[PDB]
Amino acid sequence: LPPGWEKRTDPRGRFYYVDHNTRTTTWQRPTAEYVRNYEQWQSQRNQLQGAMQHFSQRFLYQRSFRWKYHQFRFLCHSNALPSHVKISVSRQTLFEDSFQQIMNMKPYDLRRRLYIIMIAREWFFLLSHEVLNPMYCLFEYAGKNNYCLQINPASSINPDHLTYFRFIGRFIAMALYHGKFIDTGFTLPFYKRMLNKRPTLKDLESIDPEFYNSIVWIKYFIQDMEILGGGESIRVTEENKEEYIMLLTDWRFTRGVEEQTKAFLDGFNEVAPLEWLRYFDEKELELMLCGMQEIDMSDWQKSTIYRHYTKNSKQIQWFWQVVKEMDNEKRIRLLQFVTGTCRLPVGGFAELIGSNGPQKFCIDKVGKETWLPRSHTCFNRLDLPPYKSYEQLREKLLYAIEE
């Protein structure tokens, strides 16, 4: 064990670890992996300072979603409660204080006019990041460099992880109720669950490109149903491929994280009934939580790369015309369809990241002219088929993204 750390024993007999050089505690043994991630994550907590000014520039509007969002904001401004709710925090204790104080209260009191003390937009922004602190063990990423947030299947290392997921639940819901934007980085598959929708095989590509490609070719227990080339070892045949893919796809989305997800929803619902989101889809829901940014086309255009196309190619030229005709909401919806998210990083389109590292936006000539445009989220890649009439593309583009 490295200098500064000790292995203490809580009065219930469980073992945790104290880092005396950073006055921190964690339930996890200090791997060289942990000191790596904690050191890195804290280096990113420092830069959070300046990025709050950029965050301020996120916005929503002052059946469509402009519609649906006013209907929602009304359902909240009506079920609201009188008075105020007071939270007090200090900068080295945003998480510890927030956590203990919000779980103390009955969930409805979180629907009063929240008064943070030490600033609300700062608080939701900061706390939305403080909960990814590796100290707590709740999350892991799926790609290099913080790309694809996921519940950590080994969260149980932290004996209290279900309570923490309930607090995040409560916290995400307060944001929706009181109308503030967060920055945690949940994926669309996670919003789909908040809406009782079933993640599909296409969604897997956002989360596990390699695993998705396996299911693409030729289409339980520690991964039941036997393949070569309930049932402890029932062979996968062409006369039961369909059910294998369906059972195994669901498995990849739920495995290891079923308790943690329930506790998240349980926490969300207490504060804002999950059925208040009946109207919304997964992309519209990420919009509310995250907020819209204004997409500027000149930035997008210099930073987009091409494959088999060129700046002056025929359909690549019609693509950007449909964009200029598009309004910012449709622009963001195009953004989500292709990158997986409505969140554009601080640098601009020049700095969007991907599964395997940095990855600018990419439009590729692929597919027959009878196809819709496809995307590959993990590569931020758009497949625009070689279309023949500009209005044909217009139809197929605006259809591919509105589904």
Second form
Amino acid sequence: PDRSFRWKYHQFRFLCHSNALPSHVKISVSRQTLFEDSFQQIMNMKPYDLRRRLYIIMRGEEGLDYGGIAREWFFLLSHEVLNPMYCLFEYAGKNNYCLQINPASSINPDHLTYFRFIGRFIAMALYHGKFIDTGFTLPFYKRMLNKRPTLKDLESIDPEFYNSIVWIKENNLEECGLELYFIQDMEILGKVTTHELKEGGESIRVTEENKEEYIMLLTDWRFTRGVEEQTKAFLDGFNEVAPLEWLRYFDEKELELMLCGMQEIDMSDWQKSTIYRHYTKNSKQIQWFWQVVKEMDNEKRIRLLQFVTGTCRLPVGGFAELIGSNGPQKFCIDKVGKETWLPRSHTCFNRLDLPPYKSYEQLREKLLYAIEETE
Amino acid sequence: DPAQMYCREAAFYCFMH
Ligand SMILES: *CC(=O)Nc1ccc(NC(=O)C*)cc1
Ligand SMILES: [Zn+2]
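Form solved without its partner chain done; form solved in complex with its partner chain now:
Expanding to the full complex; the earlier chain stays at the top.
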């Protein structure tokens, strides 16, 4: 819970080792048919047999040490499931920003079995201590941990909808005549439907005395709308291989690290590709900021990268190629707020709202706290 | 890419064990 990431990791490993089966299973794939072979063979196994040693066979190749052939199969299949012909996923923003399940996935008639498969595969990666690069979002990880997505999470997947809900939260809708009811619409595959946000929501108007419950239910609906069955199929497939309850103690950032591996952060590249707003590279707080970063070990730097961008993954080009929800967006630090505030981030824009703190000590303390405790 | 995955994997194992 409050224990270190490394401690939680070893507890999880002990659960995995304590429940391993002997012998092995063979997965034989060809590279041209990676997904189809991987899908047929894995879905034709009893799920507990996937806890045995994995013998991955690239049909017609080398062999030797399995750590590297394991990593290549896990890596490549984690990209192949994104293949648009399968119709399983889509992206919230431009240029493959913010992966999410495609609500129209049922156009693939097998799509629930495909999601169950991806669940098994992701559990296999965790179980066998191997890493993937699919790009699931921090709220997708929250669901696996039975953490409710927050209002702040919305800003990562849907900046406008977030701003829209923030506006309602902060403003008197009765004063502006805003007409809202506890219902929402959704069109998928050209078939628009209506979901009541609670019983009788159709007629229940949103008032100042209603607002907080409305915001909550609307938030829940944005994250689950149209992807319920897909998400359940993913979760049941994962759970079949590795019980989801073994993932206790992790927060969603740690789970992302568990699945992605650990990125070494180049402080040089980071600093050469940061842009400022109101601040400049010579501002006192910006200098204090980079001194805090230099003082951080690599785990804290990753934690900060996740806090500001919403992910531990850097693009292959480094910090220069960093993408936001509306195109390329470099890491940005902006002078916003009071020194009584904590730093805040807008992950869709890779932006850190750094208040003009008066001392290195104050900035360092609030920054380390925010990274550890807030999102 | 594969190079980055080798790094991510090895750095993770070293951090943990
Ligand atoms: C690319 C890269 O940095 N790889 C890498 C490999 C191994 C380690 N291992 C330890 O530090 C013990 C770090 C990084
Ligand atoms: Zn981002």
